[PDB]
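Produce the complete structure using the sequences and hints provided.
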Amino acid sequence: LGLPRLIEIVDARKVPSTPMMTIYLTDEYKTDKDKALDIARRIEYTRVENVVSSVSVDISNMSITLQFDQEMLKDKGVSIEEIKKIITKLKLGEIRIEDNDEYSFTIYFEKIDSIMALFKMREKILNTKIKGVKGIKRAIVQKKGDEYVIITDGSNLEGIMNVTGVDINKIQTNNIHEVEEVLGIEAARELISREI
Amino acid sequence: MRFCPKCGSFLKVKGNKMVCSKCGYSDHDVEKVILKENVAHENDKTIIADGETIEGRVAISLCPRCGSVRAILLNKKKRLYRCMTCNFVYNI
Amino acid sequence: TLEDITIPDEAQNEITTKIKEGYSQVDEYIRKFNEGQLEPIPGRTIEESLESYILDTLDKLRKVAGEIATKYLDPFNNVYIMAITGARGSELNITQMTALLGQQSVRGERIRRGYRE
Amino acid sequence: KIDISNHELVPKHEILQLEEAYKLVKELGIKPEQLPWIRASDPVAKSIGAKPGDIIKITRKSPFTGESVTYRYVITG
Amino acid sequence: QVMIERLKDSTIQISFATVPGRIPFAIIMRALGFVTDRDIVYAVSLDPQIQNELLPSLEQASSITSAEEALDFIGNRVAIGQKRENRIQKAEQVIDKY
Amino acid sequence: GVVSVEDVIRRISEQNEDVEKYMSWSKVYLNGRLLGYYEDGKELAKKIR
Ligand SMILES: [Zn+2]
Ligand SMILES: [Zn+2]
Numbered sequence: 001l002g003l004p005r006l007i008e009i010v011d012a013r014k015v016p017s018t019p020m021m022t023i024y025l026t027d028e029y030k031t032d033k034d035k036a037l038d039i040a041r042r043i044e045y046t047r048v049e050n051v052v053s054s055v056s057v058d059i060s061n062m063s064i065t066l067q068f069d070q071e072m073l074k075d076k077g078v079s080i081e082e083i084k085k086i087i088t089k090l091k092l093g094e095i096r097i098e099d100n101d102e103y104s105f106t107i108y109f110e111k112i113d114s115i116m117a118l119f120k121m122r123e124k125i126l127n128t129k130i131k132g133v134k135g136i137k138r139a140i141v142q143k144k145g146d147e148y149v150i151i152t153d154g155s156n157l158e159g160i161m162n163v164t165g166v167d168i169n170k171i172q173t174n175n176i177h178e179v180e181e182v183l184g185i186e187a188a189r190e191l192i193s194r195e196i
Numbered sequence: 001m002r003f004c005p006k007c008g009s010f011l012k013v014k015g016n017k018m019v020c021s022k023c024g025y026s027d028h029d030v031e032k033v034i035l036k037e038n039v040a041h042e043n044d045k046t047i048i049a050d051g052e053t054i055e056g057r058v059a060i061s062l063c064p065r066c067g068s069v070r071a072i073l074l075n076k077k078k079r080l081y082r083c084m085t086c087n088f089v090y091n092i
Numbered sequence: 001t002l003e004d005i006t007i008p009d010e011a012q013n014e015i016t017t018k019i020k021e022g023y024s025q026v027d028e029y030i031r032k033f034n035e036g037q038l039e040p041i042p043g044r045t046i047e048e049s050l051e052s053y054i055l056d057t058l059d060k061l062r063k064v065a066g067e068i069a070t071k072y073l074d075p076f077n078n079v080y081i082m083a084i085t086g087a088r089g090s091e092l093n094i095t096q097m098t099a100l101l102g103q104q105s106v107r108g109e110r111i112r113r114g115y116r117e
Numbered sequence: 001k002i003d004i005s006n007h008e009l010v011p012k013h014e015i016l017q018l019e020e021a022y023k024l025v026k027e028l029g030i031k032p033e034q035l036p037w038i039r040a041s042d043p044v045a046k047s048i049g050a051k052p053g054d055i056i057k058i059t060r061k062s063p064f065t066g067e068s069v070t071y072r073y074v075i076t077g
Numbered sequence: 001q002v003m004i005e006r007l008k009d010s011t012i013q014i015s016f017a018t019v020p021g022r023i024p025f026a027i028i029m030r031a032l033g034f035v036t037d038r039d040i041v042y043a044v045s046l047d048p049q050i051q052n053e054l055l056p057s058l059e060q061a062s063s064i065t066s067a068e069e070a071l072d073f074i075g076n077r078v079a080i081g082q083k084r085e086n087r088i089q090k091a092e093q094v095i096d097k098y
Numbered sequence: 001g002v003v004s005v006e007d008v009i010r011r012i013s014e015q016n017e018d019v020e021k022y023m024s025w026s027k028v029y030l031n032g033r034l035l036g037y038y039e040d041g042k043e044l045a046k047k048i049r
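Chains as they are written, first to last, in our numbering: chain A, 1 to 196; chain B, 1 to 92; chain C, 1 to 117; chain D, 1 to 77; chain E, 1 to 98; chain F, 1 to 49.
Be aware that a few hints might be false.
Using 25 Å as the maximum straight-line C-alpha spacing, the simulated DSS-like pairs for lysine-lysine come out as follows [what the hints assert, rightly or not]:
#	chain 1	residue 1	chain 2	residue 2
1	F	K42	F	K27
2	A	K84	A	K120
3	A	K120	B	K14
4	A	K143	B	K76
Please keep in mind that the hints were generated in silico from the structure rather than gathered at the bench.
Right under this line is the structure:
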């Protein structure tokens with residue numbers, strides 16, 4: 001905000017320092033809290049480490065054990081089965097998953113040799129994307145009047161325009177270059193005046 | 001964590017034995033070493049910003065100026081709020 | 001003069017009782033935190049929500065004390081005239097000069113930097 | 001792909017007939033390329049089928065007069 | 001100034017003024033007279049939990065087994081491109097002065 | 001009464017001292033340099049004072 005934001009506007013920065021969107025919903029998703037929460041759930045970008053409570057690295061048999069937070073796993077709408085499927089698709093190689101509990105499993109790495117590669121595999125696994133639109137770091141559901149609006153910490157106009165239930169004629173952004181590329185130059189100058 | 005009684009290097013588990021790679025020592029005792037890291041999700045839940053108080057006048061509401069979700073309900077009939085981060089006064 | 005910003009003894013007694021009530025509320029918040037019965041605010045941890053509750057309570061205490069001090073002061077002294085007409089001063093200045101300063105803060109937080117705990 | 005002319009940030013665009021554009025440039029005392037430019041690849045320029053050498057008449061919303069009219073010259077790129 | 005870092009690899013690296021790169025903790029410890037892994041581990045700490053975190057650093061220096069090898073490793077950075085008898089003395093006279 | 005680091009390490013290794021014994025001992029620093037180990041550091045500070 002303030003003078004740095006004004007300088008950002010007048011210097012024509014390609015990407016803002018803090019991107020932001022305001023997302024409106026269609027009439028059938030407009031006045032339901034559960035549907036808005038579902039949309040916010042399925043548009044927010046989530047990694048594996050966002051639902052893992054503890055990570056255990058075993059040197060004796062080259063196994064990595066993952067423990068999942070039940071509350072976070074429910075909040076993100078993620079299940080352990082799809083996490084296993086996502087990990088199976090990775091480049092890791094010949095692995096072997098075994099359940100240790102109803103909320104835990106271990107990757108046994110029947111091939112790896114050293115500890116450097118074991119750790120590299122560990123941070124490769126922890127950074128794997130589970131769901132969400134790229135660029136969206138956090139989504140917040142806000143009640144303005146009788147309507148529910150989604151406030152986003154990131155910016156992706158093309159991605160959000162393809163999401164179901166989004167009102168594409170009312171979507172807002174503070175990224176003027178995306179608005180120029182998608183909507184044209186007159187919309188861009190209207191947005192510039194509004195921002196200033 | 002164990003060390004070789006002769007070479008002094010650390011011993012790694014191979015099968016049922018712990019073997020020193022430099023001297024070839026072996027033993028019948030097995031000790032398991034793991035490295036456990038914890039991840040905290042105290043403030044990672046999904047926020048729903050309805051101007052409803054939790055304790056006292058502290059409500060959850062998005063500030064139009066800075067964007068923080070902390071507010072003080074100054075007056076209920078006017079829906080008047082005040083940001084706790086930048087002191088901005090607004091209506092929601 | 002210096003009697004324009006001096007309140008009687010009953011106003012001071014009322015302010016003292018209000019301060020005691022606010023301190024009792026803060027103590028109740030602290031006890032609830034210690035017993036694990038304190039609910040957090042979304043997006044913030046516990047021991048960060050307790051600070052918000054304490055700050056809210058202390059701000060309300062300052063506002064109430066300022067209201068009492070204004071009530072038990074002459075509405076036609078020169079400081080009040082300078083304030084209401086818009087010449088110099090505000091109501092926060094009168095509250096701080098006549099009732100209490102309130103909570104001091106550094107970057108939005110209470111004063112914490114010092115020794116250990 | 002997607003229709004964007006109905007967005008609330010997009011004003012109305014209209015291709016201007018050659019006689020009207022000629023009258024406009026004569027009564028302004030300018031050459032066509034002295035107006036603000038619009039690209040032929042602009043998302044709204046393609047929606048109406050605008051070719052370079054045309055003049056687009058744009059109607060925007062105003063807080064002082066209600067409606068305001070502006071002209072742009074279509075360039076290549 | 002002497003700087004000590006810990007990376008995402010769980011390895012500790014030492015870096016001071018007169019050497020351009022980062023030297024592993026066990027390599028620089030072997031050049032100071034700590035030859036075995038047990039000596040380094042028990043010099044760091046007595047707590048098993050603390051010393052279980054030195055395993056990634058120990059294996060990064062498994063090749064180096066003596067003080068002279070560590071001094072050669074340091075001299076490869078300090079004085080590269082000369083015989084393997086002045087590198088050792090150059091590393092010795094840098095590690096004793098800076 | 002402060003026992004040095006080398007003495008403690010030799011006691012653990014050369015003799016059969018328990019490591020858990022010295023995990024409950026205080027650490028003593030002098031001008032930021034670790035000096036040794038002491039059993040009850042509170043009364044050491046009291047007697048220094
Ligand atoms: Zn050995
Ligand atoms: Zn604010």
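Now the hints, each set against the structure:
1. F:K42 / F:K27: holds, 11 Å
2. A:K84 / A:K120: Distance ~19 Å between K84 (chain A) and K120 (chain A) Cα, so the pair holds.
3. A:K120 / B:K14: Between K120 (chain A) and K14 (chain B) the Cα gap is close to 22 Å, so the pair holds against 25 Å.
4. A:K143 / B:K76: holds, 16 Å
Hint check: no violations occur; every hint is consistent with the structure.
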